[PDB]
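The chain below stands alone, shown as structure tokens; this is the form deposited in one PDB entry.
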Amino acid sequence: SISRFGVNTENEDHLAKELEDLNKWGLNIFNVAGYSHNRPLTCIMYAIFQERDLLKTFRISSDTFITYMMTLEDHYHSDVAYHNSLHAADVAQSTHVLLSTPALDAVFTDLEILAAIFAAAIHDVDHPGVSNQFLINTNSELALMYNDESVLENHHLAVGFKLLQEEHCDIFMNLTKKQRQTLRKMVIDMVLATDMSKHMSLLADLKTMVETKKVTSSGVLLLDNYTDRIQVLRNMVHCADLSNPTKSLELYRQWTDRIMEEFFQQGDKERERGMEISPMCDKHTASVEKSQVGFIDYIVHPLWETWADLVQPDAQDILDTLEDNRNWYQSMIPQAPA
């Protein structure tokens, strides 16, 4: 309820204004955090579940849901500049919008929809603000536990599911044993897919599927087998995760400031511990503009272009914004003549 959020009517009214964009790409999650005592993930997730009647469908009481979500959100580190609950909220809301794209209407079951949004919400939980390689190079206990493979991603999953065991936190209590098994499988698949080292193989396989792309009498995509549906969900969450550059510049710029702050903080930690600094972690040798252009050209654009193709023409506006932002940064690159 509104009381669990500690929000008064004045801020509840502001929040109502902001939530008018719940199903839109233009929602401003920064404003949402500001009116919800900085609990953007729980607030947006509650709004999303209400909007999709997921609480009613899976018999999750508001009590259990809010208790779990508030617990999960508290396990995101508010001192980590980018990988915090604000980023998770953004990704969950972005996934929520992508799931409603015309080209995918009626394609996914409710359990698959539940799985993708949940995956998005927990995908970076308890992130330390440093990369897998940093954990590996410092002989971190986490790296040793997971044998240097998708260290953080494996940890995000373990924490997300482990927290269901705390008091009044099992939001999957009323799902059948079969549903829980299937949801777990799907969630694990999608979160492990957020590991950037799997990006290329994801894109490749994604393009391939687009070659075999099948539609209907209306333009709606056809995916009758699990394997094909999970590949789309997997890529959908990956796209939402990498959606910053496709948002209105006012938002994209705030995300970029955060990702750069987090990179510099890791650079500070490397210096503090006598380790050699990482690329783009050196606040004195990193070029924000150039980095963003490179990130879009080599990773984000190639990804969204393929997604745009799969859901043609649903994502066209997203691709255009992406391109405008890319050119804005391109022209923003500093210049020193003679």
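Positions refer to the first chain, counted from 1. If you superpose the two forms and keep the largest set of C-alpha atoms that fall within 1.5 Å, you have the rigid core. Compared with the form deposited in another entry:
- Of the residues listed here (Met275, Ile299, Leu55, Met70), only one shifts its CA by 2 angstroms or more between these two forms after fitting on the rigid core, and it is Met275.
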Given for the second form:
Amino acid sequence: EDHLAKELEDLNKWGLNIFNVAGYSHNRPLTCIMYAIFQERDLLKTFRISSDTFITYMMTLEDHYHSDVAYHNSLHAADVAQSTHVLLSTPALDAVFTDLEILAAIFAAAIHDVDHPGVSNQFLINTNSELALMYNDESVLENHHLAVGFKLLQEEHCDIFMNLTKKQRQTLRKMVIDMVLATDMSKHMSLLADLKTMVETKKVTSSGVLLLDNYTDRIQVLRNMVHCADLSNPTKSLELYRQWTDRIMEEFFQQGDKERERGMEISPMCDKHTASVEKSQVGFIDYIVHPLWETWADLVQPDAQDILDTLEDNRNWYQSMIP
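Compare with the form deposited in one PDB entry: the form deposited in another entry:
All you get below is the one chain by itself.
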């Protein structure tokens, strides 16, 4: 409708309000936003992806995100997808990626939490759940999001990559597995370290653009691009960030309550009777989100400064909410 088109004017912008597109699209923010991104970037025409097939697939994907999970639902997938879309347009990475690398990064963004049960890897491992027995305790959820994501391409009327060559499906697949497995938080300190090495030897050509020799370097930036996108919540406007914070904290406290009914040890932050939301956001930003984004800002100097300033204002806001 009208309100939806006005809200979509900010598609290429960090300030887009995905909460508002969710309301104007009959709660189909992922289908909605992915259709917009794919059209704007001409991915449908480029890869001969039928509009019909694409909607069918995105709708089914969207239905695999549980709407009863407070944070990890299709709204979150849509926010990560749209943030990734904005990140691929950083001036510093202009014309560096192939359309296939762009296709892969946004496709990964969309599936990266599909069928999330609302609990963490450590909870699934500690409760001997079926998926942890299946995946041998390694990146249990991430491996599953990928399995579910790719399993839905196995029906002609849903195969969005049908018209790619065999070579492009093989490459796109490698890239997506690699990007989604990189959203596993237990790999954060390893990724951030390799990204700080990427920055130290970073090269920028005469045109103000980064030089990525070959595939190893390009996929490194892409793994990090989607990792930051997945942790982009405290870098948005204080109004969006407070809503995201209330969601994630609802999920975490829900997990602590499950942990409590079983007699398991409750992690100091999922413990609703004690945990200070405010203090845990400030520790989240200081020890994890700011180091990641400060490093991303260095790689893309100066395109991510506005994002760093917002981060430091949101942290400062949250810090002022504790006596």
